[PDB]
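Q: Work out the full structure: start from the sequences and follow the hints.
What follows is each chain in one-letter form.
4 protein chains.
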Amino acid sequence: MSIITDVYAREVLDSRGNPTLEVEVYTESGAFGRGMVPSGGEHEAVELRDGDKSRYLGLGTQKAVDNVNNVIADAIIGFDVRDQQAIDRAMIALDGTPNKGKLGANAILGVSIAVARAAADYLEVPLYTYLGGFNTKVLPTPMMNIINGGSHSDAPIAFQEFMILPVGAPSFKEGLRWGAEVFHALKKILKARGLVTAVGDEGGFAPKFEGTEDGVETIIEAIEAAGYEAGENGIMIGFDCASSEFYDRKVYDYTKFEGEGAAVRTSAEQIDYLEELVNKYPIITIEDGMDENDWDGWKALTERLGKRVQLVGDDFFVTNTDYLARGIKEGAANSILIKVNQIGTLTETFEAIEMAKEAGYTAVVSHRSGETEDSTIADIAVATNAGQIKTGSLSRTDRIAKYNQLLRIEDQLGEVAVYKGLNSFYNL
Amino acid sequence: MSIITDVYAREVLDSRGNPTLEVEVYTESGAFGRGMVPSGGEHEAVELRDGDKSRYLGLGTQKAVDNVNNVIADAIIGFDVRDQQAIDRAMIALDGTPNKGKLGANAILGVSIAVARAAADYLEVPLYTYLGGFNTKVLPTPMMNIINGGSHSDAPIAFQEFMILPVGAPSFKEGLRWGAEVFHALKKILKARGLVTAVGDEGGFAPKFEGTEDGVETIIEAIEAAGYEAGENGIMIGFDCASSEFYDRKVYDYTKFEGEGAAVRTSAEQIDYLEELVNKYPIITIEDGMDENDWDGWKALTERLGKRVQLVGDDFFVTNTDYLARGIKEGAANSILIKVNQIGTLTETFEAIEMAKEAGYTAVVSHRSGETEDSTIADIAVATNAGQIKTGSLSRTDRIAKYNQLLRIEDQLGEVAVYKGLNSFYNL
Amino acid sequence: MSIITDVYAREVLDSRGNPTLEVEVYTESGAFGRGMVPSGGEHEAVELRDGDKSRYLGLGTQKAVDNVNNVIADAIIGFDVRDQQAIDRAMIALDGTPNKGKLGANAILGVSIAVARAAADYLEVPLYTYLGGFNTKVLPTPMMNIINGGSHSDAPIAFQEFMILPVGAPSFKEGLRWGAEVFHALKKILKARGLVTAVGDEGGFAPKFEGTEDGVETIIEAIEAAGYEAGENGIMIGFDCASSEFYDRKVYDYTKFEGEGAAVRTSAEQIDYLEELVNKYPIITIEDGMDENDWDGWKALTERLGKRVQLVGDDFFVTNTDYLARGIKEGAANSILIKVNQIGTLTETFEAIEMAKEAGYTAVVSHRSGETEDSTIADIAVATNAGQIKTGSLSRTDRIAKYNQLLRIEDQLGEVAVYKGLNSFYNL
Amino acid sequence: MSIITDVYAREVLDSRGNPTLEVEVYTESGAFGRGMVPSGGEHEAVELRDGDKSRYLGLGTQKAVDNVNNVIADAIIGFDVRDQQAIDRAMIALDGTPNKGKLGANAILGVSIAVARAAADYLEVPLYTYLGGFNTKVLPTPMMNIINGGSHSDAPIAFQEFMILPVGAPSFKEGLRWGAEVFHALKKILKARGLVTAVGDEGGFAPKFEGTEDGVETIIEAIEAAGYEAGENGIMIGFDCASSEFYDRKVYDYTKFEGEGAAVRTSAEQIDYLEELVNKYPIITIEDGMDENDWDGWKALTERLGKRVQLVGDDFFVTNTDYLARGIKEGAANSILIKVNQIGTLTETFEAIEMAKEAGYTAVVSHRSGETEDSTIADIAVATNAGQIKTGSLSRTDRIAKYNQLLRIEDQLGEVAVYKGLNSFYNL
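Protein chains in written order, with the numbering used here: chain A, 1 to 428; chain B, 1001 to 1428; chain C, 2001 to 2428; chain D, 3001 to 3428.
Keep in mind that the hints were calculated from the coordinates and are not lab data.
Note that CB positions come from ideal geometry on N, CA and C, so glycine has one too.
Warning: the hint list may mix true and false statements.
Distance ranges between label pairs, derived from CB positions [stated by the list, open to error]:
{"id": "1", "chain 1": "D", "residue 1": "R3193", "chain 2": "C", "residue 2": "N2293", "range": "30 to 40 Å"}
{"id": "2", "chain 1": "C", "residue 1": "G2041", "chain 2": "D", "residue 2": "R3193", "range": "29 to 39 Å"}
{"id": "3", "chain 1": "C", "residue 1": "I2003", "chain 2": "A", "residue 2": "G78", "range": "21 to 31 Å"}
{"id": "4", "chain 1": "A", "residue 1": "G259", "chain 2": "B", "residue 2": "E1217", "range": "30 to 40 Å"}
A: Here it is as structure tokens:
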């Protein structure tokens, strides 16, 4: 009865109108699990696309679906639904390639998640309880995308994302309200300036600001209009520089997004420029402040800001234990952005999280630009007491589905629920 | 064991960052059902709001939640989960008011959908099967929002919504694909013209066009760019004038949105403007072409187009069977937009669908501006073989969630699935 | 357990002493379903007879029984009992012929009904609930055969049937009493005139009246003697002209049944003659007023009486979606008599009902001259909220079995039960 | 779980359009049984009627229903469904009267049959198996009504019923076939003679014959027309004189039905008239040949025919064991007609059957004029291996329902089924 009897996949659409896949796992006892995959370098997990540029611009996932039904299914059917680690290792070996390019990183993960949710269903326990055990209590402090730049905007701004973090909320429920009220207070402000209030992929705004400072100072304005502070409760701010977007040789070219008068900074001036922003604004976290390959710049940045600011490695570590292990030894950062589909399996996802923990690094569970109605990353955030999460702005179900799921978790936990707020950053 | 042993509601957020509610129904047997609620003149069902702008600007829903947990619970617990009608009728009687303003239309619908999904879970049958019986095979022809105007835009366009319909698609699966491909093709075109590609509430665009015509032809331009004809396969176009937004006395003032040089038309001149558009562009449906109180305008409008174009009454009927019965009697329209939470219960919802069917009217299950990850309206569309559905554009998950569920329903049906396409309009 | 494990058929007798068949379906879980077939052109379903004029005058059904046990059984066993549509389509494809002449329309239906009743048994829900879902509430307004003519009588009367309809009863239970009391009041009247009170196939009388008017006016006499009215509550009257019985060329020859002085009417005079009856008597419905092939006569009849009288197509549509689809486009009638075995399956029966609905036509669930102790058509009448039913007079279990089953349904529904009475005719 | 947890009765109609009642018994285990009741001097069980001729001319049964739901229910609920005798004895004691006139014989029998069928459902065994044990194999030899006289006709015939018996049939299946074929053959003959072919309450005919003999010979004429001998296979004939209908003083006045020239016979002359018929026609059984109070006539009648012809006491015994015991002691007859509702309970029914058997009397389970779709008397006939049954003609379903059930019973038995035919009369 506990044995997996059925593994089926189908093609569906993500929050961007692009094809993805989902896997449904059945046990003979009736336990059901459905897993959906978000959208997805040379040393990271690769999703399998059809390449037929006449169907969905070549973004179809029928090849990946076939691999689940016609290959992986025959390999997984027979396993106990609860043997997660064994099932994941079975798919990794089945693929052969390091990047899961033969079967597809999306085909592999879909099954990985469905099996876990089917197991949690079989044991009649919450998903986070099954993944993390009995000691899951910490609701994550959210970094919420609010303003976009760089590739995700036409505004003269270099940084890709600007987020707000309710570090001083008594609980997650209140923190979610705080972020929401500021989102609406900002929308009101944007309308006043006659700017656009329509949202992008993550549900955040991307208005034509005068520049980076105009953008950050406008955020600070919406935070205060909502009736909050700026650093105390705070609400504090965070960056997703995505500096690799405008990195050239060995120079951080800002003219790429910010215009003709923009500055071209070296690794040393890039560190100084980040230090000026931190000193002038209530900034608590900075993601990909340095190029993915600028290791020397990452180390020098950690020495000069790592003790008082969170330095998240996204494109720098690409959810890779090899890249992270070197980050720890080199002291390149102090935080890692965990993207599930960027590694392939849930097992690999939890080994990356633990490694970051044992090193003093924080693990920030991440979403993708192309999301679904799935909210598994929320259960993962609480399952491991990550204390932090990154799952988008406050105006899209592809984002709100995760905040909703965290509300249920915080509701299920009751008095056991924990919100660390500013204390989520033990890496400081 | 089929007895409802617990009814519980909590506060959550919709796709716009505004509070809503979800209800979870439990039976002694262990069956579970969760029903979330979307956002929602004087003769309709009203949602209960807290009115405390210290929380979500007074958009809190802790009052309606309390009503479910403390009042509706004592009433529903004990009922058989399968007695849908008796349960909905009990909530209506419990409330005591026509507009469900005492307990809240949102609180009553929450329990209404939760009980249904819990009953489908208990019987181990698909929701659409439980809702409509064995004869559920028709996959709806989607009217997909793609361009917004009026109050949802800054462009000089009076019409509120513009939609594309894959009437010539062989299946829903290919229809959805066509919509997505036209949506991506249109996004490209907008960037080439230097227009905003950011999406609105429904996942559609609101570019600054030259006017109404420019918008329609840019759609046809994208339809053909995707490799589809314009009216045969089709793709066809649809309107949501929402003319009650720019109606005055007794005139349709277009200057409200289309600048100072706009044409103020009378009822007779309004019908004429619509007829010109129909003959010039491949338009197949028009929603709220006349004021919600312009019955004489609706009657004359149905006389000159009711045999060749679908006329959808949204604000004209507000999912009110008393209004619909009058529209059917006077021949005021030939289609009604069905908004679930606008009428309170599922029972009342299916009575309106049936009354419309028996009159030769089509019933178009609709979404709301504030949506959730729920996808019950997709099961409602298949359960009633309505043949049509209006659930947003091809981006946000609050819209895609419904499209994904329709794909699962079409997948489950297999050889029994049916896509009527153009034949969906039996009212023509 | 939910899988069908046994499909068995046997020969039994109908309400006329003629052979028919019944199918019993078993699931491994113990769910049981029994289906019996009523007695049964060139484009309609054909029942399979043995043709051995030495056994039951060649009306045996052993060939049909064999086809269920030795052919259909092997094809159906394995299917989930709940997959009605798939099972029906499997039998249609198995037969091959359009009219189901190879396996037999009676062999196919028997399984169709047994499977559905076995499924309703498996889910532990009422049959009408399983067939129609949760929104089944409308008890049908009955047209009750009371006086016979034409082929079913020796009296000088042309019309085949004369029925009464309790359009003004508060509920079905009262409507059934009304019809009964008038039946007994008529029996008393017939005895007074020294006429025969023995009953025919449908349990109605067929006395030697002076003619059509003497027959109708005698009915009006029994209605009033019972303490009712004639049009209000009403009780109103209906016809089953079966005009094809006395149709010749292009003339409606009344001398065929009414005698030497009878009138021979053209299509135009036939319409006028029906208009005179409607104007002089409280007539609300007329079945087969025109020949099955007289399409032109049907259209002209609908233009002149279709707005104020129900025009039922029996031999005109022969429960055929192709004939009905043309009836809608041509506007040939406004109602269809649904005979289950005349089409073959339950799926086809519900597609015919829905088509009639979406066109403004009413669907009147019909019985056959040779009935059984089965009462499935009653559950079908409520399953689809048809609002009307035709299942015989008030003095035979082959008829009373259906009225009894409707009493149970109305009793099961409770306060949810609905009786439209005169409002059953939404086609007016 | 075998405990009765609910007993519920409702009002319904019989085969004549007159009110009756049915009872539904439920157990905690989910077992269900429904027992319907047929219609029913001073020493018998009487049905309870409402006496309100504003409803069904005072034939309402809402009083007996109320007695079941409000009085009998409180008494029976809690009993084990398998304790039939204890339950029937409790209802008799509850009523307190011999004629069951307080609660109603109809109300008590309803629960009596419902409990039995519910117990057979719980044990998952055929009703006849539950009622009689393992040794139930004998399929009854049917006495089939075919021609009616006396009070049930206008023809000059004193005898109330005429019947055909397939004594020489190899099985019940072929016996039923023979009866039907003679019934259809007779219908033909009647139309050739210009006589009415409309059926009565029992599905038989009542043609205007020349007299008694003409009727018997017309039957033999049809028997031979069907290709059967007359007395060998047989077909044989039977009578139901109901001589208590035309009895006066101390004379059998035949002028009551057979015109002015009829022969008024004494008891001695009555026996003589019957003996002549027996020697002239292939008659095998005679019911109520003597007045119900003409004991001296019954004794002398059994002396001169009791060894060669079956004498059935219907009104003579009125299913009264006190009457039967006297008839057995005096040798007044050699067969008793068993009417279930005429004695109230199933327990009392089987005691009369056994008392008759042990005396060498045959027990003929009988139907009533007002029947239902129920077919319990067929299971009673097989359960007791009675070898005979009287349940109507070969048309109406109120009669055919019992024949169909006997076919199912004979089908279930297979090689164990036994048709005694002529050997059924062990009293000869």
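Q: Taking the hints in turn, state whether each one holds.
A: Results of checking the hints against the structure:
no., hint, result
1, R3193(D) with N2293(C): 30 to 40 Å, "37 Å, holds"
2, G2041(C) with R3193(D): 29 to 39 Å, "34 Å, holds"
3, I2003(C) with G78(A): 21 to 31 Å, "22 Å, holds"
4, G259(A) with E1217(B): 30 to 40 Å, "34 Å, holds"
In terms of the numbered hints stated before, the structure departs from none.
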